[PDB]
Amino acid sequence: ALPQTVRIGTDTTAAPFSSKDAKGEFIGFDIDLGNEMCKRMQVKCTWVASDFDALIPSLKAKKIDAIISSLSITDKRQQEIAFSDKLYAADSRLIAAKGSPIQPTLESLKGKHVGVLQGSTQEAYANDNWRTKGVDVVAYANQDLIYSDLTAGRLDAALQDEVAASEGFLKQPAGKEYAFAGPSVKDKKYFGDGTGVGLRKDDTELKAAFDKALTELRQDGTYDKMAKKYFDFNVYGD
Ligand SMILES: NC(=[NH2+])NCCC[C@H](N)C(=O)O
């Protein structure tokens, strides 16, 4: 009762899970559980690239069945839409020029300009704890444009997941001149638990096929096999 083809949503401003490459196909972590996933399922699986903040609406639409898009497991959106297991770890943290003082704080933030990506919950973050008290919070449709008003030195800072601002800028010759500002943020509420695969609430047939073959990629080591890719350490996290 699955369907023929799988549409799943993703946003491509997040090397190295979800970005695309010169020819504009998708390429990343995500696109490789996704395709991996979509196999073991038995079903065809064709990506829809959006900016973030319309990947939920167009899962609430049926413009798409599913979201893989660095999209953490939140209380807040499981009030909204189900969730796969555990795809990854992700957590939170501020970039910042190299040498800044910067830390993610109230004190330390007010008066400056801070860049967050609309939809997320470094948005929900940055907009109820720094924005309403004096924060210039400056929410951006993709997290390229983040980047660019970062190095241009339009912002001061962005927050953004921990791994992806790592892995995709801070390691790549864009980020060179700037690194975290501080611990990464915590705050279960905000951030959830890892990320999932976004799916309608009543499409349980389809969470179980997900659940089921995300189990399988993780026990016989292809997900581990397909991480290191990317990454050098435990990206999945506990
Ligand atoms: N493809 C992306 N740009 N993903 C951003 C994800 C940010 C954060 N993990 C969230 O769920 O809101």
Given for the second form:
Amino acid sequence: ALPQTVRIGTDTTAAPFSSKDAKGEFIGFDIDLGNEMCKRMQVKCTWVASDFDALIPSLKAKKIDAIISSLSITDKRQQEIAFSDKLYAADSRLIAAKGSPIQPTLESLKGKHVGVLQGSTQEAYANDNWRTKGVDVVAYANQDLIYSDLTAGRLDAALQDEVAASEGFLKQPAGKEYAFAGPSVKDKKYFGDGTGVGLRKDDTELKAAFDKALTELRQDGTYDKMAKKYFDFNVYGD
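Could I see the form solved without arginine (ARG) next, after the form solved in complex with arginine (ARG)?
No partner chains or extra molecules come along with it, only the chain itself.
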């Protein structure tokens, strides 16, 4: 049977997906999707704040019943847990000066100076596709110096998480004359097949319930209306 109340863990340091507001309520697109799905499932849902690295251990231990915390659908996680259908994309994307002809391709980037945060999935993507194929990819300890070097002209482009970059640098003053160069880069290995509700593999009824609500709230326009509160682009992706 479904839980009497579904405990959903989430990391509230992740605006505009999951944070706390001035009255201590959970807010964001993850919260909006979770709340809207639980409603269509006709099940009680309780949000549970947790560090991100605790979420999958708490789920396996049955301390919670789902995870909605921008949890990327990767094959390695798919070895230990289940996911609903995709909630939205979590892909990466190049940033460069406005007007840059740069594309996220070997052919475009060869000879260009590309920065990535050391230890990130962006660095990993950049290593296999670009660094090892002869692109000058430089890893950085701190994101602040990536952007500083970009605006200084020391880099030509930075590979960043799309939404993080869209909400951070590109809305800050220093990013005013910067834009995404080309489209997002998609790769399940490194960025997952979007994010989804994390669930225990044995909880097949719960997965079906989330997937069903999610399809209905997408088809009747609710997904698009809720996403418009935070994003001026196709956050769902393909």
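Positions refer to the first chain, counted from 1.
(message) Treating the motion between the two forms as two rigid parts rotating, tell me which of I56, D91, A174, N129 is at the hinge.
(response) Where C-alphas switch their better-fitting rigid part, the residue is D91.
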